[PDB]
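Peer 1: Now for the letters of each chain:
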Amino acid sequence: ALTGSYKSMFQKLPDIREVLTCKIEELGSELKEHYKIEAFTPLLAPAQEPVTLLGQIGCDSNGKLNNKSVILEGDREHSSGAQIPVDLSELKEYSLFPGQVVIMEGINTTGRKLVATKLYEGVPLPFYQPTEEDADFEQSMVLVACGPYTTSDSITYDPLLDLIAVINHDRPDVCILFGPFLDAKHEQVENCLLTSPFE
Amino acid sequence: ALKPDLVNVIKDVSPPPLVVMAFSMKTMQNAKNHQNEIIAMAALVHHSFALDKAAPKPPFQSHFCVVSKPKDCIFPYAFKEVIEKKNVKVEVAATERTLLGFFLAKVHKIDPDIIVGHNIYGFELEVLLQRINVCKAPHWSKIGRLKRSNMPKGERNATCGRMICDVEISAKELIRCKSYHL
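Residue numbers (this note's numbering), protein chains in the order written: chain A, 249 to 447; chain B, 57 to 238.
Take these hints with a grain of salt, some might be off.
Distance condition first, Cα-Cα at most 30 Å in a straight line; then the derived DSBU-like pairs of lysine-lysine [claimed, not checked]: (1) B:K125 - B:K82; (2) A:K340 - B:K88; (3) A:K361 - B:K88; (4) A:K361 - B:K228; (5) A:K361 - B:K145; (6) A:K284 - A:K366; (7) B:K145 - B:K127; (8) A:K361 - B:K127; (9) A:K361 - B:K209; (10) A:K340 - B:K127; (11) B:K209 - A:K366; (12) A:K366 - A:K255; (13) A:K284 - B:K209; (14) B:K88 - A:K366; (15) B:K109 - B:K145; (16) A:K361 - A:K284; (17) A:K316 - B:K88; (18) B:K109 - A:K361; (19) A:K366 - B:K127; (20) B:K82 - B:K192; (21) A:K280 - B:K209; (22) B:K127 - A:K316.
Across the chosen pairs, the derived CB separations fall in these ranges [as the list claims (entries may be wrong)]: (23) A:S337 - B:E140: 44 to 50 Å; (24) A:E369 - B:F116: 54 to 60 Å; (25) B:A111 - A:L292: 31 to 37 Å; (26) A:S337 - B:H195: 25 to 31 Å; (27) A:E273 - B:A227: 33 to 39 Å; (28) B:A227 - A:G359: 15 to 21 Å.
From chain A, some residues computed to sit far from chain B (all C-beta separations above 12 Å) [what the hints assert, rightly or not]: (29) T269; (30) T289; (31) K312; (32) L344; (33) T358; (34) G359; (35) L391; (36) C394; (37) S402; (38) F426; (39) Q436.
Hints are computed from structural coordinates only; laboratory data are not their basis. Every residue gets a Cβ at the ideal spot worked out from N, C-alpha and C, and that includes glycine.
Bound-form chain A, shown alone:
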């Protein structure tokens, strides 16, 4: 649960690839277990049949997306690690965004192109199924509130006052208060104003 601090200011490239990979692999495997499907395909052996693929979705270009520029990339192992363009026009209903790993099904005619046929659904894991001797408890109140903590021209924390007032009023079990207790994009700061340290 992250007791201490990191030890990092610099990365190492190929281990990124490693972590991307491990993510893709473990997830795919745990899904395929439930999903009782046989095997996927090295992504560049075009063959006109039903064919199920595994990968993760990404942008081809600098910034945002469309419905006509999704691109796929595969793991390190299952399909030798390369990329193939895509499209889904023929398909019906989807929802995609970068980083997201998914299974798909289409028809690979040319090899360096494909067209979708179907998109099987993701799966949640079962939540914590706890004991039956510990948690047999009563009602309970928790309040919570995020930041920032002023109108972005003053330094008063008036809203913090109102909050702590409500707090002392209603006697809650535990409250938790997200930051950020001092924004940087808060205009009062980024002109280098405050006549004080920060800590």
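Please build the complex by placing chain B on the supplied structure of chain A, with the hints as guidance.
Peer 2: Quick look at chain B alone, frame taken from chain A:
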């Protein structure tokens, strides 16, 4: 053969010159169901190629062709009339069914034992299996050198008893280039 030691090693000659086929083809797309079928193919034929000697010129001893019509724009006028004067040895045909039919019939007529062609595995051979599954011509098994109970489904075992020569892969045995796609 019955007993596995009736094998008779003997070391006289090289095997005699053997039939080889100069097979090639040209597919074309179909935006209808997003497929790339074919309506014309051919091959040149040499009938006894020396294995332990020099090259046989002419590059062949016979050939043939076959051609069907598409469903987007149909034939220009008098193709047999225009060509057979020039005669690159093309024959008219009607159906890709008929095409595969008289293709295997050309096998039947010659029955070579080395199939020469490039781009085969990555692009074509599987398409031939697709089309023989679709059209369902009798005596399907003649594509190899055997008859089987059925045509099977990493799917290379379907073809047997017929040397599947290479033109792409084997090319890279010797000389380097950027492309070895010929």
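Peer 1: None of the hints should be skipped; say for each whether it holds.
Peer 2: Here is what the structure says about each hint:
1. The suggested pairing of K125 of chain B with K82 of chain B holds, with an alpha-carbon distance near 13 Å, which does not exceed 30 Å.
2. For the hint linking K340 of chain A to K88 of chain B, the alpha-carbon distance of about 19 Å falls within 30 Å, and the restraint holds.
3. Between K361 of chain A and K88 of chain B the CA atoms are separated by roughly 17 Å; this keeps the pair inside 30 Å, and the hint holds.
4. For a cut-off of 30 Å, the pair hint linking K361 of chain A to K228 of chain B stands: about 26 Å separates their Cα positions.
5. The straight-line distance between the Cα atoms of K361 of chain A and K145 of chain B is roughly 36 Å, outside the 30 Å bound, and the hint therefore fails.
6. For the hint linking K284 of chain A to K366 of chain A, the alpha-carbon distance of about 16 Å falls within 30 Å, and the restraint holds.
7. Proximity of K145 of chain B to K127 of chain B is assessed by CA-CA distance (about 25 Å); at most 30 Å being required, the pair is judged to hold.
8. Of the supplied pair hints, the one linking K361 of chain A and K127 of chain B holds, its CA atoms being roughly 24 Å apart against a limit of 30 Å.
9. Between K361 of chain A and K209 of chain B the alpha-carbon distance is near 23 Å, which keeps this suggested pair within the 30 Å criterion.
10. Straight-line distance between C-alpha atoms of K340 of chain A and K127 of chain B comes to about 28 Å, which keeps the hinted pair within the 30 Å bound.
11. The hinted pair formed by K209 of chain B and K366 of chain A meets the criterion: a straight-line CA distance of about 23 Å does not exceed 30 Å.
12. A hinted pair counts as satisfied when its Cα atoms are at most 30 Å apart, and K366 of chain A with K255 of chain A does not qualify at roughly 44 Å.
13. Proximity of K284 of chain A to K209 of chain B is assessed by CA-CA distance (about 20 Å); at most 30 Å being required, the pair is judged to hold.
14. Using a Cα cut-off of 30 Å, the hinted pair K88 of chain B and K366 of chain A holds, with the two alpha carbons roughly 19 Å apart.
15. Between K109 of chain B and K145 of chain B the alpha-carbon distance is near 29 Å, which keeps this suggested pair within the 30 Å criterion.
16. At roughly 27 Å between alpha-carbon atoms, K361 of chain A and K284 of chain A fall within 30 Å of each other, so this suggested pair holds.
17. Between the alpha carbons of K316 of chain A and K88 of chain B the distance comes to roughly 20 Å, so the proposed pair stays at or under 30 Å and holds.
18. Our distance criterion of 30 Å between C-alpha atoms is broken by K109 of chain B and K361 of chain A, whose separation comes to about 45 Å.
19. With a C-alpha separation of about 29 Å, the suggested pair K366 of chain A and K127 of chain B falls inside the 30 Å cut-off, and the hint holds.
20. A distance of roughly 21 Å separates the Cα atoms of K82 of chain B and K192 of chain B; the hinted pair therefore holds under the 30 Å criterion.
21. With a C-alpha separation of about 23 Å, the suggested pairing of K280 of chain A with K209 of chain B holds against the 30 Å cut-off.
22. Distance restraint check for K127 of chain B and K316 of chain A: the Cα-Cα separation of roughly 29 Å lies within the 30 Å cut-off, and the hinted pair is therefore satisfied.
23. Here the CB-CB span from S337 of chain A to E140 of chain B is close to 46 Å, well matched to the stated 44 to 50 Å.
24. Checking the proposed 54 to 60 Å range against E369 of chain A and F116 of chain B shows it holds: the Cβ atoms sit about 58 Å from each other.
25. A hinted range of 31 to 37 Å for the beta carbons of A111 of chain B and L292 of chain A is consistent with their spacing of about 36 Å.
26. Between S337 of chain A and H195 of chain B the Cβ separation comes to about 41 Å, which falls outside the hinted range of 25 to 31 Å.
27. One distance hint, 33 to 39 Å for the beta-carbon pair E273 of chain A and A227 of chain B, holds here, with the actual separation near 36 Å.
28. Checked against the hint of 15 to 21 Å, the pair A227 of chain B and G359 of chain A passes, with Cβ atoms roughly 19 Å apart.
29. Non-interface status of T269 of chain A relative to chain B is upheld: no Cβ of that chain comes within 12 Å, the nearest being about 24 Å off.
30. For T289 of chain A, the non-interface assignment is contradicted: its Cβ lies about 10 Å from the closest Cβ of chain B, within the 12 Å cut-off.
31. For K312 of chain A, the condition that its CB be more than 12 Å from all CB atoms of chain B holds, with the nearest at approximately 28 Å.
32. With a closest Cβ-Cβ approach of about 22 Å to chain B, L344 of chain A is found to remain outside the 12 Å limit, as its non-interface label requires.
33. Against chain B, the non-interface label of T358 of chain A is violated: not every CB pair exceeds 12 Å, the least being about 8 Å.
34. Annotated as non-interface, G359 of chain A brings its C-beta within 12 Å of a C-beta of chain B; the closest such distance is 7 Å.
35. Every CB of chain B is more than 12 Å from the CB of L391 of chain A (nearest about 58 Å), matching its label as outside the interface.
36. Non-interface call for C394 of chain A relative to chain B: holds, since the shortest CB-CB distance, roughly 50 Å, exceeds 12 Å.
37. Residue placement check: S402 of chain A keeps its beta carbon more than 12 Å from all beta carbons of chain B (closest about 64 Å).
38. In this structure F426 of chain A is separated from chain B by more than 12 Å, as the shortest Cβ-Cβ distance comes to about 51 Å.
39. With a closest Cβ-Cβ approach of about 60 Å to chain B, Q436 of chain A is found to remain outside the 12 Å limit, as its non-interface label requires.
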